[PDB]
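Just one chain is shown here, as structure tokens, and it is the form deposited without the partner chain.
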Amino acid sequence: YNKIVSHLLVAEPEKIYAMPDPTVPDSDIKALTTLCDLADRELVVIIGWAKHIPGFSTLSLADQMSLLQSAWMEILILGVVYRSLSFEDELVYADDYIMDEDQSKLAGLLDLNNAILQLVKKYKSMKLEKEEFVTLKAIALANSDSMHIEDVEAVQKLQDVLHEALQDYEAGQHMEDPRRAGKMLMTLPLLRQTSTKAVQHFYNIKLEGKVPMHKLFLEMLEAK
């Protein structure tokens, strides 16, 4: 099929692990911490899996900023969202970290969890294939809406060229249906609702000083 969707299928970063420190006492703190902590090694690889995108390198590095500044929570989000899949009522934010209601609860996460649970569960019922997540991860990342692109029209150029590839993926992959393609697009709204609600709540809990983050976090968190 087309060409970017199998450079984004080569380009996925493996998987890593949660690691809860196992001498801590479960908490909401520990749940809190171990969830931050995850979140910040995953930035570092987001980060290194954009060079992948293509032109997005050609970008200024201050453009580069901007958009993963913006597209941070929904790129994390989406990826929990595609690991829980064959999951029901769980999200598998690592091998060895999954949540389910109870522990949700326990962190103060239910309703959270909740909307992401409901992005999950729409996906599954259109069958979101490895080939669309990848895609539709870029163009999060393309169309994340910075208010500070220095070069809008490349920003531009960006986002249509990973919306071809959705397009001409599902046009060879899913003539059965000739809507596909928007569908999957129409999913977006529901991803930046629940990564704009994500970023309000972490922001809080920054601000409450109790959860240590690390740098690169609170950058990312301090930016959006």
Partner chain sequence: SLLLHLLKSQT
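Residue numbers count along the first chain shown, from 1. We call the rigid core the largest set of C-alpha positions that still match within 1.5 Å between the two forms. Compared with the form solved in complex with the partner chain:
- With a cut-off of 2 Å and the rigid core superposed, residue 216 has a Cα displacement that falls short of the cut-off between these two forms.
- Taking the rigid core as fixed, one finds a CA shift for residue 24 of 2 Å or more between these two forms.
- For residue 205, a C-alpha deviation below 2 angstroms is recorded between these two forms after rigid-core alignment.
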Contents of the next structure:
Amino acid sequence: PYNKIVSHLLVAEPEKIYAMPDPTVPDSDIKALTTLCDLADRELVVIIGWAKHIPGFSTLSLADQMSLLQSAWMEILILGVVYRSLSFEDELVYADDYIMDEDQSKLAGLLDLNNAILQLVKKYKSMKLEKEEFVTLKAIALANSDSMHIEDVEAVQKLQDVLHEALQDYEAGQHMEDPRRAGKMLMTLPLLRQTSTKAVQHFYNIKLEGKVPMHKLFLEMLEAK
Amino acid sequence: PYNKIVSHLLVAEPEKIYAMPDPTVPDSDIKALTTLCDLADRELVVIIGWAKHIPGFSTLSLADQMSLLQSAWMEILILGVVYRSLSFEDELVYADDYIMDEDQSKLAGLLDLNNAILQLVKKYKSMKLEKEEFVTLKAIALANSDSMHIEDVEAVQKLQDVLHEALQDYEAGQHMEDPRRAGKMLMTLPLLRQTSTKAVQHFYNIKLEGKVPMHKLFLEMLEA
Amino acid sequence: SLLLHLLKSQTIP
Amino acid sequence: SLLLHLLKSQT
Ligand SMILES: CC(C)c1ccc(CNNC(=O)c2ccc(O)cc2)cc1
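Could you present the same protein in the form solved in complex with the partner chain, rather than the form deposited without the partner chain shown above?
Full complex below, order starting with the chain above.
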């Protein structure tokens, strides 16, 4: 099962996060959105640390490391939630103790967003996506982030390339029964980009409404570029 | 070498159209936006008829055929613009008689959007995108369009598979010096999607502002 | 409907 | 800058 590059990407795995929702008070849209933003803020700390272990990431200039994260952060966040929700049915695992169903999405005003995320879930279910693939797409999405503020393009492309290769070796190694699987995997990224943008725009509108407390890191990402 | 699907897609590649802007009407932003929409609107007829020449496409239900076109149409419009614009620099060939440079984008309130498309252009220029790749990708874009409303998922997946396989072969045959080139091509689709969305949202706002007249087909695709 | 009509109509280039 | 700071951090 061993590709070198993939094993570095599994560093943060298995992840656990909790919302620890307070049952003392009734759930509201404000409470649910606050929880999500809190989860997002904290996962970003994990995402940042995981990215440092991406061979080549830390070697880029800091502005470039920032540029990619700033373009790809939501894609990574969404991708995580997606993976955690694979063995569930029409529910999203935003935390191990915070699983959103249709009613809960409705309460948060996130039915449209969470549906799109479920579309993405559906697609990975029937492909039976793996730990290994999931972590590799995160890094690809990050590397292929399409930032317009990249200082050293050749390095970022080298990195895209290295990760692309990691994915090819892995599918060649582990999924010979389908010589295109890598291609199929790459073909899920458009939906990821689309969903990400929907999420960012929505949560940006939420920030502007000003009713939902947001922590520093989440705001920094939200207000960038 | 030869590939059957690539050959069909090349041959289905349709003819130029033209913006035919009114020279009487004064150079404002609503002139620009109206022309682009009339064009887009007529360009959609072409796309619709072009879809049918895609191997497997007509084999789908009419509903699926609509769904795919309803998701992907703007990506196909933009891919058209992108391709036409590869021989130029920092300008977008919307049609042969309508080329927008940076200043003309500002005047029409399209700088950000057209810059993103330019980004797309520059990527394919850096990759030396060939006609054969372009038409295959345009087809893949249509088939990989991620509509929420697909009746027959397995047929659409087949169509994706077929189109994908053709790209694999073409790149296997013509670009053995880069055994990843196919994947590099596919990895340009996110930015296509993103730019498509940016565009759909911008022009949707314009529809809502009510100042730019829009022909039926354009509106129908826009409101979907 | 217009989309549908055109799908059903023939391509005349 | 917290992003930066977190990126400049350690081990
Ligand atoms: C829409 C946006 C604001 C957003 C909010 C919150 C998340 C959380 N992701 N949390 C996880 O990835 C995870 C879940 C459960 C685990 O056991 C471990 C990690 C994502 C995206």
